[PDB]
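Listed next as structure tokens is one chain, alone, in the form deposited in one PDB entry.
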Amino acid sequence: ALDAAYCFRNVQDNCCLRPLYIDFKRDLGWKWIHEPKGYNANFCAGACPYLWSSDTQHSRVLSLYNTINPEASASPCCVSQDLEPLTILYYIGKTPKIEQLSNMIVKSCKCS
């Protein structure tokens, strides 16, 4: 899979999972989230050559088209595949609010 095991601690140009830890206050200026203070959002980035983790038939065809005609700028894109949720705690005055946000953390990537 295009996951941490394959992707982290390898520097490759093709589509792969890239690590990214976001500190809510420091990076986004969100001072209102109480816990957690940050999380491993991660992201997907890299080239999508022919048949490299192709999502659909369209990704397969476009990955071949883009190899032949790169000027078209029609390459498939390296995007999230598997994601995980994140539970946050924030206050609303003194009313503690707990919310489970789905699809917050990316665990694997694909060429779509």
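Basically, rigid core = biggest C-alpha set you can superpose within 1.5 Å across the two forms. Positions refer to the first chain, counted from 1. What changes on going to the form deposited in another entry:
- Residue 42 is not among the residues whose C-alpha shifts by 2 Å or more between the two forms once the rigid core is aligned; its shift stays under 2 Å.
- Once the cores line up, the CA of residue 80 ends up less than 2 angstroms apart between the two forms.
- For residue 21, the Cα coordinates differ by under 2 angstroms between the two forms after the core has been superposed.
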Given for the second form:
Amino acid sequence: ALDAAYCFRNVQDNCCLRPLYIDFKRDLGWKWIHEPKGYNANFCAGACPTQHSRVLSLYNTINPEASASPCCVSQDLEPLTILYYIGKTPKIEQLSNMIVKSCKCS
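Next up, the form deposited in another entry in place of the form deposited in one PDB entry?
There are no partners or other molecules in what follows, just the one chain.
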């Protein structure tokens, strides 16, 4: 898969997961989160040399007039657990789809 394990120590130019650390206060302007201060959001990027993308890739070779060319984009997303305060009361929340875990050419 195009994940952290495959991509991170193997920096190449084709579609891959790329590291991105985001600081909540500095980068997003989200001043309310207590923990963590930031997190590894990551992103997908690179060249692209599902069944729909596989049929599009075959159609683009067989038909003289190709349709769309593939994009490097997020495949699997993961939640991020945070700690914030409502007054002086602690509140743990799982924020959905905050992290990209793997990429795809689509």
